[PDB]
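Participant: This is what each chain is made of:
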Amino acid sequence: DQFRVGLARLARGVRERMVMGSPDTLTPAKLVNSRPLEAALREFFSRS
Amino acid sequence: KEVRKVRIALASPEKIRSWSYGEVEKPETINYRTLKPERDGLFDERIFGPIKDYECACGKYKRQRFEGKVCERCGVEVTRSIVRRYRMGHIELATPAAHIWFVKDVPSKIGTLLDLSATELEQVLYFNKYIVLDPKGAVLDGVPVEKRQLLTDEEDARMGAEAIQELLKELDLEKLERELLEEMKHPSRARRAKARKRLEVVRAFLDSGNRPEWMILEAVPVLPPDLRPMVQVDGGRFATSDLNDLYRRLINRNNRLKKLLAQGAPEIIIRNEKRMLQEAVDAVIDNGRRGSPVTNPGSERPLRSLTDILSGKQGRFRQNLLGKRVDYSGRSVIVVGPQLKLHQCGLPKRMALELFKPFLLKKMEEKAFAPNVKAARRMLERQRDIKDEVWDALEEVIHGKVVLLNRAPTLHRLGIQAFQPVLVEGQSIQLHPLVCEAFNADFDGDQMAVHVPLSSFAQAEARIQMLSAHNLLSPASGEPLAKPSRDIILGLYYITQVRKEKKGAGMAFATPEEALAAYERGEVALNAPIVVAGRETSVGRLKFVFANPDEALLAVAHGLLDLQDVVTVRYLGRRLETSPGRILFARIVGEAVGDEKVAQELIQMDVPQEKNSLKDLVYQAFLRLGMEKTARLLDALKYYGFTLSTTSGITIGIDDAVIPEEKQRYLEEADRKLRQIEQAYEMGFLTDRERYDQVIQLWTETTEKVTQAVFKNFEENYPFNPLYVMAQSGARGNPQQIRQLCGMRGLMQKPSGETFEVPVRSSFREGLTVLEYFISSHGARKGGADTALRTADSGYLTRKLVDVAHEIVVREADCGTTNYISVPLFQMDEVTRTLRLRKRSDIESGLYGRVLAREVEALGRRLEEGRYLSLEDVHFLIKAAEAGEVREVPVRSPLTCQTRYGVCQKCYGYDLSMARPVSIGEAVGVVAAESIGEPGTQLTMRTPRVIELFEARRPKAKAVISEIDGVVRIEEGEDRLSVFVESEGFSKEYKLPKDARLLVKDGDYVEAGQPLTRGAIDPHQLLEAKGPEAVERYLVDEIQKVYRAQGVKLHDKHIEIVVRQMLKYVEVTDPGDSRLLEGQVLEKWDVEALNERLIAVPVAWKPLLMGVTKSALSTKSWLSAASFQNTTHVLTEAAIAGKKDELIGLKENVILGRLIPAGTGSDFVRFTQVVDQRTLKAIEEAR
Amino acid sequence: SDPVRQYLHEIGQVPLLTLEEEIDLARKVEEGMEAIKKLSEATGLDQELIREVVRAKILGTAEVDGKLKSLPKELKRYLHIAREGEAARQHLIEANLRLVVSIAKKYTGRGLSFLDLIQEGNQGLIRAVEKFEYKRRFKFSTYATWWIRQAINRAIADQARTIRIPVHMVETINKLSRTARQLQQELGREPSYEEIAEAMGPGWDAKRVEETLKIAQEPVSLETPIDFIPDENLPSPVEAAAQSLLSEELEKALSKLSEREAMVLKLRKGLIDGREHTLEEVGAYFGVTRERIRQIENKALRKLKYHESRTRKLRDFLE
DNA sequence: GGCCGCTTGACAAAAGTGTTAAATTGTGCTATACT
DNA sequence: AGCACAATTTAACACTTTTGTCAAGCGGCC
Ligand SMILES: [Mg+2]
Ligand SMILES: [Zn+2]
Ligand SMILES: [Zn+2]
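Chains as they are written, first to last, in the deposited numbering: chain C, 342 to 389; chain D, 3 to 157, 453 to 1240, 1257 to 1409, 1413 to 1499; chain H, 93 to 154, 173 to 336, 346 to 438.
To be clear, the hints were calculated from the coordinates, so they are not data collected in a lab.
Yeah, the Cβ is synthetic: ideal placement off N, Cα and C, and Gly gets one too.
Treat each hint with caution, since some may be false.
[Said to hold, decoys possible] Below, computed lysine-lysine pairings styled on DSBU-like, alpha-carbon distance capped at 30 Å:
no. : chain 1 : residue 1 : chain 2 : residue 2
1   : H       : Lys216    : D       : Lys671
2   : H       : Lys385    : D       : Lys62
3   : H       : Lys385    : D       : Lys71
[Said to hold, decoys possible] Residues on chain D that point at chain H, a partial pick, calculated with CB under 10 Å:
no. : residue
4   : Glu27
5   : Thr31
6   : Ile32
7   : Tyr34
8   : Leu44
9   : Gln66
10  : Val85
11  : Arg525
12  : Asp539
13  : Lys556
14  : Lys621
15  : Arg628
16  : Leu677
[What the hints assert, rightly or not] Heads up, incomplete: computed chain H residues facing chain D, CB under 7 Å, no partners named:
no. : residue
17  : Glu102
18  : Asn232
19  : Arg434
Produce the entire structure from the sequences given, and follow the hints as far as they go.
Facilitator: Printed below as a string of structure tokens:
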């Protein structure tokens, strides 16, 4: 569940990445960052 | 000078620029790319901007300064804020704002005329029409009505919250009217409620300045605090603080608005960009309604804004009052061991080197040891293990100097006390056993806050009153405490349980036959009668009252007298039969105090045992001793109290509790009755429900029988062998605890509520059927969650008790009051219309040393009025009560005295402790809390009734009662089984449902009307249709029932002095010169407005009734109140008006820093006492 | 449920603009400061005084007209022209609002709440709509759509839970952030500090790169979560008690000194008050000159030290 | 004649003024896309 | 996502000068 909740932001972040820019930098690796689904997933074992 | 009273209330916006002056503005940056501190904006050191090279001019002298760059001799390096206050200004100048205005319609709605929408305009979302130019739609107005577009329909005009400031003088000039034309609204009912609240709010502005500056136009926070530097340690880093960031959303907003407004900014854009500014105000004040988390839009922790932290709940108000931080103490474990019984303590021999280091250093300075005080600070740090000479000088410091030992948690006055530190070995801090009974806790690694008083004026103020050898003997409540606790009782009980081992019943011609023959076989030293006595003829202990019975203790030491009370004739003062065992007891207490003359006429002999009566011996001894000697007893009963059990031993073997050999077949008959009620089902008889409770009662009775059989089997044969009874009788055991082990206890009830079918095959010796424990656990669950749940609500209720009774202190001398209270000597029993002896346990502690309202005549001498009827007079009245001379012993209770600010002199008969009248300074207001500060843990919150009556909250079912005393009138129908009461007048309709619908007749004042079996209708109706007659007494009687159910030692006026507080407030009706027809004036203070003015104006009143929590929100002061659950409305009402805090109040002094008005700092004890004879002789002529 | 809705209902209640009423009302601004410029150089009002003060009157919804009425034989049209063009600051600037809000939903996180972002955002219109090149045949539309975000980026950098982050830090933080997330998505593990140097270019090593993530970006602690962290060491009680003590000890340790030595040390080692006068200033008032007054200084270091090795007192240094 | 003390000269070390080099803001403004 | 120009402003560092300290020389006193 927590993982999902964290993955939720990623989808929201991708949307913002699709609303702006087109040729510059839009590849399935740039639209996805290892910060939301990570930091929010790590703070669960350290504080919960 | 000297601190005294205190002032507060609002402060005009001009006054805000007074304390703060200036120095503010700029962003709230807490640092820069470099130079972490300075920022020249947020917490900038007043006139400190890198190198201002000025400001130091304001300062007259003291020292140099002006160092150009870096910093001069300013505060930044030293004296920076010095923890002192430093207001800013926050500038501000926008439309308007709001000081929260609380949530009780203050500063608005009350002074105005709008509710549930007064914020619509105060938040810039409406329009408070405040102009007259003749409208069109539906005539003009003078309040909110233009909800957008409306105000533009005609296009003065105010759509923002700025109108709040405009209604200042507009309401000031009309203020005089708001107090006249407003009060002009006579009765008419209904609306006569608002006119009261509206007048109370306008009554403040009616005098003592105070303008409607509620419409803040410039806030002023604080900067000195919030700023925590780097904090490494352990495994972490970085740091900061609040009050700054949450504040950034205020200044910046004000500036940005100054940038938008200055430039082109259309209405719409400003209306929303402004409402956020006031939102920031409430944000800095209290975060509620919506909240403001961090890292938006993500939700996390709520920003701390005064709420719950600082000026609010536990954060800077609950921790500063009492739970502060002692800078002279320590903690440790607990231990027990024969020290000396009081007068001494344990305390480590290492840490004590720090607690008593100060004076210890000065001692060495002159004792050669240390050359100077400084050097003495560098000889005991690196743990060089001194253990040389220093341990000696330490004794001189710890000589007659007591220490305060505390216990956590704390409960009642018996939660601190003081002893004399006697450094032992190791580190474990030990204490006297008895003292444990005062803290309620088993030695299992618990700690005790060891506080240490410095000032010598605190040492004498301690060891003379807090010494365990004084304020512990006879505590509050009602019964003693210093009495020999557990263990000790069994050390003297093991020698007085008869020696009758059953030998038969022979006979001798004066000891010449069955004296030598029986000495061979059969018939030892038990029964058998001869001439008159019995087998007592064997070892005649001669001696005399010269040097104790020689032959007695002498024969016991050898292989003769088996001791343990084997029946023997002594000589003491007369030819008795007492065994050498009891003789020891009388001999221990003899040499202890002085001569057995006292113990002889005190200690019983007919029914010795030393059972639960050791509390009566020491108690009765106080009357002929007085600490000095009393203490000696608890010391004599100590040494022997433990040695006797040591050089004897009594183990609890698995067999020690021999199983009832005469029990097995009992369960057979009980089980043989099982089929009896079972076969009734197959025959179709007795409903399944009837069968249920039918079998329950069966085992509910047999259990008592089995317990009786056991207790019996353990009474006759097997005397000292069974220890399970040695403690059950009177030592450290429970009776119902026996029926559990050797018994079979299994009448457990389901988790929800339904006694199981088959009980439990207890008999521990035989493992349960794996089901019995799982079934018995269901009930063994509530017996743990309830006690632990005594910190959820019940624990947060005792505070309410301490708050109410606070300024109650015994002072003055003889007030003179007529009306008196007559305590009932006999109470009724709802079950049967017949009074009982009240069990005596209630009358005793209820009249223990009181003040006879009037002369008491009852067979023989009379009990003069105002006589301190001690325990003696009590028994004299109780035993004479059965005769038929007294029914209501006259007495004076704290409930009868025209003094709300102070208790009363000689009225609070006896100071229930030192066995004498109360002393001027005894803050009974706090002692009253110490009384109720104990049963709390011993209750059942899982339902709660004691607090029900306090807050005067309407009980369950309301328990409808007859408001008037009419006549019978008992009509019945179908579903309207209601009962009425009337007489030649009006008849009320009591829709009595379907429950306790008894008959009764001949009217009834209040009683209960029949349905109200218990917990009569909320006192609100009582006092409403009766007065302060039943209210003040009904509590003292009912509230105690919850305590009597558990047999509480406390009682007397301890609970009768807290009621006067809830019933010391009166209302107003046709006052004299005094404003407010409604009002809520207090008792005494109101009596003054009718005492001095009586020499002229009628000022009638009505005895109002307030709860326990209500007696805090509205009091004569403000420092109190709050706490509970309303630390928002208090400071509000408290402010605005003058509401000047009183002066006589424990807290007022503790908080402000003043001295205690009670204790040795009372107004009755502030004279001189220094005069070494020649001093008075010299001054005699020197004058 | 936030107060943003109240404004969201007031911003989305008034219609925007058709299409031709965007330039027809814009030209009023051009000729506005123009017709206003007539009186500008006429009396010397910088043309900014006649506009700022007049616009304040244009919004009667909340003076200079005096001389603006004496209009000579050559003045009477400019009056109406000045008021006719005054309508330029009337309707316009009331539309963009709505067209705005639907943009701040992007920077919902970095810094400042949605409500706050509105300010710096819509405010960007005040200066945007103004500098509008009515010349080009592009027609105003999705233009201020940018003059807002640029104001936002120029705001999120100005306002934040930091201290002072210019355009040379936010741009670098996010650059070191995207890079840290760029190499991360192309490595498998979190890149260190020095391993990011190559990712940048010149000047960026490991120290300065660490100094960027050292200051802040939004941390600065969660203020005071869960009186949060104790720590303290400024107005130390013992330090103050020992302060006067160490001072008194000296007042006593100077009892075995002479005026022509103690006072010398007093004024020399700045003690009397704070003046750290030197032998030069101590020699003028003390009759004798330098040397011997300096041979007494040393005499103090010795005659005093000789009273330390035999008398414990070297425990005042650690303070 | 010798020793001690005081004063002056020389040497060394650390400031006020000057000089220049590095950073922020505004604004400009850029710029691109959509209506 | 941001670069420049300019402009202007902020920050610091270094110089030549001055001040302070130490050693040497001269004078006075014993
Ligand atoms: Mg424990
Ligand atoms: Zn300065
Ligand atoms: Zn009284």
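Participant: For every hint, state whether the structure bears it out.
Facilitator: Here is what the structure says about each hint:
With a C-alpha separation of about 66 Å, the suggested pairing of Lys216(H) with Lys671(D) is violated against the 30 Å cut-off. For the proposed pair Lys385(H) and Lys62(D), the alpha carbon gap of about 24 Å is at most 30 Å, so the pair holds. For a cut-off of 30 Å, the pair hint linking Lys385(H) to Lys71(D) stands: about 26 Å separates their Cα positions. Interface restraint check: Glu27(D) against chain H, minimum CB-CB distance 16 Å, threshold 10 Å, status violated.
With a cut of 10 Å, the hint placing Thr31(D) at the interface with chain H holds, because the nearest CB-to-CB distance is about 4 Å. With a least beta-carbon distance of about 6 Å to chain H, the hint placing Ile32(D) at the interface is held under the 10 Å criterion. At about 5 Å, the closest approach between the beta carbon of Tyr34(D) and any beta carbon in chain H falls short of 10 Å, and the interface hint on this residue holds. Taking 10 Å as the C-beta contact cut-off toward chain H, the hint placing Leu44(D) at the interface holds, the least distance being around 9 Å.
Contact between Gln66(D) and chain H, as hinted, is supported at the beta carbon level, the nearest pair being about 5 Å apart and thus within 10 Å. Residue-level restraint check for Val85(D) holds (minimum Cβ-Cβ distance to chain H is 7 Å; threshold 10 Å). About 6 Å separates the beta-carbon of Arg525(D) from the nearest beta-carbon of chain H, less than 10 Å, and the hint is met. The beta carbon of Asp539(D) comes within 3 Å of a beta carbon in chain H, closer than 10 Å, and the hint placing it at the interface holds.
Satisfaction of the interface hint for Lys556(D) is found here, the shortest Cβ-Cβ separation to chain H being roughly 7 Å, below the 10 Å cut-off. Hint status for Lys621(D): violated, given a least beta-carbon distance of 13 Å to chain H, over 10 Å. With a least beta-carbon distance of about 18 Å to chain H, the hint placing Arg628(D) at the interface is violated under the 10 Å criterion. For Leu677(D), the interface hint is violated, the least distance from its beta-carbon to any beta-carbon of chain H being 12 Å, above 10 Å.
Using the Cβ-Cβ criterion of 7 Å, the hint placing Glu102(H) at the interface with chain D is satisfied: the shortest such distance is roughly 5 Å. At its closest, the beta carbon of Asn232(H) sits 6 Å from a beta carbon of chain D; the interface hint therefore holds under the 7 Å criterion. Evaluation of the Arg434(H) hint against chain D yields a held restraint, the C-beta minimum of about 4 Å falling below 7 Å.
Going down the numbered hints, you'll see the structure goes against 1, 4, 14, 15 and 16, while the others check out.
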